[PDB]
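**Q** Given chain L, put chains Y, W, E and X with the ligands in place with the hints provided.
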Amino acid sequence: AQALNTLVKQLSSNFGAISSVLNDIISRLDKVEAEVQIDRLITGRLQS
Amino acid sequence: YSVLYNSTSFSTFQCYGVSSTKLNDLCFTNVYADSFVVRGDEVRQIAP
Amino acid sequence: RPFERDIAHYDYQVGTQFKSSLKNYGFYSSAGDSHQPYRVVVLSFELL
Amino acid sequence: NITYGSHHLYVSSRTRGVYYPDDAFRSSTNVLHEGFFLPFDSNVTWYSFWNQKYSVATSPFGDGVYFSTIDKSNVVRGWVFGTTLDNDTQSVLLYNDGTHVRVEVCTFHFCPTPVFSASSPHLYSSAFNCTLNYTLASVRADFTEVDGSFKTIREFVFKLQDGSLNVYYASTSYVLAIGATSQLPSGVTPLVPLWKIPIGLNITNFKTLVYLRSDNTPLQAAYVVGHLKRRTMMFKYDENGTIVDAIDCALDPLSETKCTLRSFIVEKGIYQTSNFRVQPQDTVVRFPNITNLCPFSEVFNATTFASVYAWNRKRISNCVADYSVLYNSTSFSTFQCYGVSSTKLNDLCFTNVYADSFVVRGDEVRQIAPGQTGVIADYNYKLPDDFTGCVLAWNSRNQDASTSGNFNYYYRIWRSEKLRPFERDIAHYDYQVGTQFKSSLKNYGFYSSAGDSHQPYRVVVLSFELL
Amino acid sequence: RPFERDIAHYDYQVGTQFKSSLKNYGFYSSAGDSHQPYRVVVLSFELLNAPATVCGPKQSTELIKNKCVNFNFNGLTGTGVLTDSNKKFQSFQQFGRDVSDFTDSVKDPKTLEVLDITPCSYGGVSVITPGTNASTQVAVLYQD
Ligand SMILES: *[C@@H]1O[C@H](CO)[C@@H](O[C@@H]2O[C@H](CO)[C@@H](O[C@@H]3O[C@H](CO)[C@@H](O)[C@H](O[C@H]4O[C@H](CO)[C@@H](O)[C@H](O)[C@@H]4O)[C@@H]3O)[C@H](O)[C@H]2NC(C)=O)[C@H](O)[C@H]1NC(C)=O
Ligand SMILES: C=CC1=C(C)/C(=C/c2[nH]c(/C=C3N=C(/C=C4\NC(=O)C(C)=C4C=C)C(C)=C\3CCC(=O)O)c(CCC(=O)O)c2C)NC1=O
Ligand SMILES: *[C@@H]1O[C@H](CO)[C@@H](O[C@@H]2O[C@H](CO)[C@@H](O)[C@H](O)[C@H]2NC(C)=O)[C@H](O)[C@H]1NC(C)=O
Ligand SMILES: *[C@@H]1O[C@H](CO)[C@@H](O[C@@H]2O[C@H](CO)[C@@H](O)[C@H](O)[C@H]2NC(C)=O)[C@H](O)[C@H]1NC(C)=O
Ligand SMILES: *[C@@H]1O[C@H](CO)[C@@H](O[C@@H]2O[C@H](CO)[C@@H](O)[C@H](O)[C@H]2NC(C)=O)[C@H](O)[C@H]1NC(C)=O
Ligand SMILES: *[C@@H]1O[C@H](CO)[C@@H](O)[C@H](O)[C@H]1NC(C)=O
Ligand SMILES: *[C@@H]1O[C@H](CO)[C@@H](O)[C@H](O)[C@H]1NC(C)=O
Ligand SMILES: *[C@@H]1O[C@H](CO)[C@@H](O)[C@H](O)[C@H]1NC(C)=O
Ligand SMILES: *[C@@H]1O[C@H](CO)[C@@H](O)[C@H](O)[C@H]1NC(C)=O
Ligand SMILES: *[C@@H]1O[C@H](CO)[C@@H](O)[C@H](O)[C@H]1NC(C)=O
Ligand SMILES: *[C@@H]1O[C@H](CO)[C@@H](O)[C@H](O)[C@H]1NC(C)=O
Ligand SMILES: *[C@@H]1O[C@H](CO)[C@@H](O)[C@H](O)[C@H]1NC(C)=O
Ligand SMILES: *[C@@H]1O[C@H](CO)[C@@H](O)[C@H](O)[C@H]1NC(C)=O
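Chains as they are written, first to last, in the numbering used here: chain L, 1 to 48; chain Y, 1 to 48; chain W, 1 to 48; chain E, 1 to 467; chain X, 1 to 144.
Treat the hints as calculated values from the structure; they're not laboratory data. Mixed in with the good hints, there may be bad ones.
Stated by the list, open to error - Listed next, the in silico EDC-like pairs over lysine to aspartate or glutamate satisfying Cα-Cα at most 20 Å (straight line): (1) Y:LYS22 / E:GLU417; (2) X:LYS23 / E:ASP88; (3) Y:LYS22 / L:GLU33; (4) Y:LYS22 / E:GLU145; (5) E:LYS72 / E:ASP23; (6) E:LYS418 / Y:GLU42; (7) L:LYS31 / E:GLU423; (8) W:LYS23 / Y:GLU42; (9) X:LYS19 / E:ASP88; (10) X:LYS88 / E:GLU417; (11) L:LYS31 / E:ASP385.
Isolated chain L, as found in the complex:
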């Protein structure tokens, strides 16, 4: 249960991006600028 709860709670980490929310990154930036932040979030969540 603790491992599952930790995996859920790690979704609120920025991992060096401007936000932990994907929708904010998509809606605030164009494709080229948002690709970097989405790649950072993807790398962090894949590591988790």
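**A** Leaving out everything else, chains Y, W, E and X with the ligands in the frame of chain L:
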């Protein structure tokens, strides 16, 4: 900002934290406007 | 500091003389674009 | 001048030419270093000056040289670096005058076989346009002849990086007889960084300067010249910070085993080794044999350009793209490339090339970029976000501007929707401004007496494909 | 090549004619800013373990030792505890490093003495608790 196209010709339109192409789909909770006059070569200094 | 404004009038020491810390812009209509006056509008956004 | 013959040998470099690759004070560590080093047990040429034999020749510089002299009476005075060592090019003159070490980047008319006659220098007849003249160190070195055997070895490594000549130095006591076998000393003697001389020159050849007696006879000395190659080395750092041992990882399988690990001591066993033995030495360039140059004069020097709302697209094919041709005629105020680097354009071949040409205002050139907002980007010409190509612009007031004013260029001020990338709208229609109807196309007024933000600019956008 | 200078005078072939490789700037006072002359000064910096030659206009402060403080020695910032050092260190070099690239020693620019840099609270500290809903007292173990 498309209203200003027929009157004002912007020599500098640089946005930080948001994309300028995404400005027509965003709603802001607070907006401030700072106005001044500098020299032509000092416009580059208005940046982080 | 960022977004700090200082409008106080005071003088400062240049060697042994005291000169005003405010200098004047000379905006002649027949000049280069680096000396032409530019009107700068800075917008600040919040997305809370 | 000096009619005496020469005498060159061919000895092994052994374990010489080790220098400090950086400036950090490290301690008790085995560090792998990659770069240009003298390989272990390589060919090195030995030039001898005893038995009255003058052995000075213009050795190539390559990617750096290793210089080591073995003498007793300070015979080797300095060096001359350059390309042709003539007066048509600039050369470096680094030497000792007996009281200082002087470097003179300078344009020399060198004497044939430049040499010192005792303390009197007889290097150059004249010098001019001479961009460097200062002294690096104040050391004393007389021209008196010392009898006996060879006493010390002075080793040098000359490298070029960022237009600067880096000199590494180490002096070791080494007793060698006059008639003994010519061989280098054993062990590791690290060369400390001495000087960084900002010569700002291209060096391909170098020549050694010695000094003769008053009767112009050579003294007893010897110098060795080796060439640095691209190698990987591991250095052992002492607890005091000095370098005490070295391994050339491309020498033998044992050195490769030591370099695969990070230790100078290997235990008994079988070890899988990474590849250090073989490196590429030649480059095989193979381009298609097309010889035509691309019609840059047809597009860049056209009498009239298209308007930005009706921009013209042209296909470029079966030609060589040489942008250096345009340097003498067109001065580009904007050369920005996306997806590729502009310095790499001369080494690339493109499967498809398009050219989009139009005229905008001076302050609207910034809108010709991916992710831009403005009248031109929204309604006239939009680039894709994943744009691969280069944007070329230059000020054109001698062609598209006049004293009375040029009014043949148009731009679209309004559309019902923003343009998609590489979409063109040339339809004529009006739009409602309040209650009146006005044309959606506005006219450019290009007067010859105006600022550069209102001067007409010709923009050429190139699109590339790499398939 | 980078930082390379070529001042030699020579001609090159343009078709069949030979023209000089040096072209002349025409700097008229009545011209646009794209043709106006511009003076360019390029500064090149180096940040090594060497004595400082050129530095900024920042005022110094008196030394504070045996305390956890922020420090700034020759532009090398950090945070730690400063103590007097018996380390003997090679001349024309400033700071001492570690195998983990941790700055443990630094030469003072004014007093010309080496000082240790010890990280603040480098020892292990363990807290023994009977537990919340049992007590609020704790016991602290300062390891080694
Ligand atoms: C590619 O071509 C298609 C087909 O021509 C084109 O679609 C058209 O798009 C426009 C712009 O979005 C549409 O017009 C809008 O339609 C509705 C009602 O008709 C409203 O949203 C809009 O009215 C507002 O704006 C008017 C001014 O533009 C104001 O006068 C009015 O008061 C409102 O504020 C607007 O009229 C149009 O209906 C379609 N047409 C069709 C046939 O679908 C599309 O835009 C083109 N795509 C490009 C160029 O990328
Ligand atoms: C021309 C290059 C040249 C270099 C790179 C050079 C470097 C150099 N020479 C030194 C000393 C010395 N080295 C030499 C002589 C030489 N050293 C040489 O590498 C050569 C080629 C000569 C002879 C021309 C002598 C005699 C001294 C002692 C000088 C003194 O008392 O300061 C020292 C040690 C200084 C010290 O211990 O205080 C250095 C760093 N000197 C030079 O003359
Ligand atoms: C611009 O500022 C500089 C730096 O303060 C001034 O140069 C000083 O001038 C005074 C006399 O006014 C001299 O005593 C100082 O030695 C100068 N200092 C330096 C560092 O040059 C300069 O005069 C100012 N120029 C003006 C006000 O026109
Ligand atoms: C530039 O465009 C703006 C925005 O459409 C025009 O401003 C409108 O002008 C009409 C006609 O006078 C008025 O009824 C509207 O109230 C105006 N709207 C706003 C938001 O100001 C403006 O007139 C245009 N300028 C020109 C064509 O020179
Ligand atoms: C600028 O350089 C180009 C390219 O070298 C020159 O164009 C050549 O001109 C010569 C005659 O001067 C012709 O024989 C060649 O065929 C041209 N070559 C190409 C590739 O166009 C051009 O003349 C130069 N312009 C000058 C010096 O004003
Ligand atoms: C370099 O020295 C080696 C030593 O064995 C010799 O065989 C080889 O021929 C030499 N190379 C040249 C170019 O003299
Ligand atoms: C340059 O060298 C040439 C020989 O290459 C010689 O004839 C000429 O006089 C020299 N010019 C000088 C020193 O100005
Ligand atoms: C010959 O050498 C002497 C001294 O060694 C020097 O002064 C002279 O210039 C040289 N000759 C020529 C023609 O350069
Ligand atoms: C080089 O020397 C020649 C002849 O003295 C002179 O005309 C020219 O201006 C010089 N060039 C430089 C860059 O000093
Ligand atoms: C370099 O400077 C020295 C000392 O001023 C001078 O004697 C010498 O002629 C100069 N060398 C040149 C200009 O080649
Ligand atoms: C390090 O330097 C000290 C001081 O000169 C010397 O006593 C010691 O022997 C040196 N250590 C080694 C391993 O060379
Ligand atoms: C531009 O190139 C054309 C090519 O036909 C040529 O006729 C013309 O002289 C060039 N220069 C100008 C200033 O138009
Ligand atoms: C200034 O620096 C010197 C060394 O250059 C040093 O001896 C001295 O203590 C420093 N401070 C003062 C106040 O003179």
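**Q** Take the hints in turn and mark each one as holding or not.
**A** Here's how the hints hold up against the structure:
At roughly 14 Å between alpha-carbon atoms, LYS22 (chain Y) and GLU417 (chain E) fall within 20 Å of each other, so this suggested pair holds. Between the alpha carbons of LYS23 (chain X) and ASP88 (chain E) the distance comes to roughly 19 Å, so the proposed pair stays at or under 20 Å and holds. Of the pairs offered as hints, the one joining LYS22 (chain Y) and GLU33 (chain L) holds, with about 11 Å between alpha carbons and a cut-off of 20 Å not exceeded. Straight-line distance between C-alpha atoms of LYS22 (chain Y) and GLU145 (chain E) comes to about 82 Å, which puts the hinted pair past the 20 Å bound.
In summary, the hint linking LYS72 (chain E) to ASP23 (chain E) is not supported, as the alpha carbons are separated by about 31 Å, beyond the 20 Å threshold. About 32 Å separates the Cα atoms of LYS418 (chain E) and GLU42 (chain Y), which puts this hinted pair outside 20 Å; it is violated. Between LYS31 (chain L) and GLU423 (chain E) the CA atoms are separated by roughly 19 Å; this keeps the pair inside 20 Å, and the hint holds. A distance of roughly 15 Å separates the Cα atoms of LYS23 (chain W) and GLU42 (chain Y); the hinted pair therefore holds under the 20 Å criterion.
Proximity of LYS19 (chain X) to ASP88 (chain E) is assessed by CA-CA distance (about 17 Å); at most 20 Å being required, the pair is judged to hold. In summary, the hint linking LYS88 (chain X) to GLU417 (chain E) is not supported, as the alpha carbons are separated by about 73 Å, beyond the 20 Å threshold. Taken as a hint, the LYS31 (chain L) and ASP385 (chain E) pair is honoured in the structure, with Cα atoms around 7 Å apart against an allowance of 20 Å.
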